[PDB]
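Heads up, the chain below is alone and in the form deposited in one PDB entry; it's given as structure tokens.
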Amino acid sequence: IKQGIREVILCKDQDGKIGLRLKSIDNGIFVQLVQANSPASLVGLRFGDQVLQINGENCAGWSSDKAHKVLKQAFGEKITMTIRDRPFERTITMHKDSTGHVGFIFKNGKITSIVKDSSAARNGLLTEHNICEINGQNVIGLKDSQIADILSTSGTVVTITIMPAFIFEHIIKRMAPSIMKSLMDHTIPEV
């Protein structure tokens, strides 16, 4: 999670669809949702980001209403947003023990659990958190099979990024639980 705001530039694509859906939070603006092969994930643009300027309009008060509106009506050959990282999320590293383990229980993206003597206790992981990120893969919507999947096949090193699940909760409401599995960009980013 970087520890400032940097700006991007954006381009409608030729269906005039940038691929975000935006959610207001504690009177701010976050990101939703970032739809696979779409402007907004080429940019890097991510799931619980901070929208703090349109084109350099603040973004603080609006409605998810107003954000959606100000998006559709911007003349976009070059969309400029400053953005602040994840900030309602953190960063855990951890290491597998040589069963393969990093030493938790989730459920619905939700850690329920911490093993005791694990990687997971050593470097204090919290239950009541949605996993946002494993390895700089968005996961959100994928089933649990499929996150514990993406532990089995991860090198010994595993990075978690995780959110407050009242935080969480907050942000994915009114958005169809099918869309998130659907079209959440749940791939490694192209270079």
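Positions refer to the first chain, counted from 1. What changes on going to the form deposited in another entry:
- Summary of the rigid-body analysis between the two forms: the C-alpha atoms of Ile83 and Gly155 are best fitted by different parts' superpositions.
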Second form
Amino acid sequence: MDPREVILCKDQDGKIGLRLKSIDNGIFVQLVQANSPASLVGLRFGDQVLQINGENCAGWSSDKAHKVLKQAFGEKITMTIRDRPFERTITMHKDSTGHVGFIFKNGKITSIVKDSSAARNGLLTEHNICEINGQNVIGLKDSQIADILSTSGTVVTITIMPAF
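Can you swap the form deposited in one PDB entry for the form deposited in another entry?
What comes next is one chain alone, with no partners or other molecules.
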């Protein structure tokens, strides 16, 4: 909730590696490209953008935010950021079959299995998986998320966020 400032420099192709999305008259980070200027200043999926070059993003369309970034004079772009403000952590325990009890697609939880640790702990659907046991899984394929869950110990801590 406490804002922080980041300075980006456009790469060789003139890009910062960011897709922004207008939600509820705010601006949120929808995509950070691996190894991008955005990635290197710590921008993450679900970050809220309060200011671009000291101008308020309030009520901006996705297009406007993107036009402002594209037209930005010179190499140096400032953003005022709230770090993943809607991020929440839930702890589950694997059952005798090694399952916590949820289905997901494209890193979004789609159903909760009856009588599972996910059910007991009130895990929610229409939430994106951000981290498993402190490991960032944004941008991983579903099979890679399953690989991490399958190799986990009994305790599974998942960081979630309401989906875009």
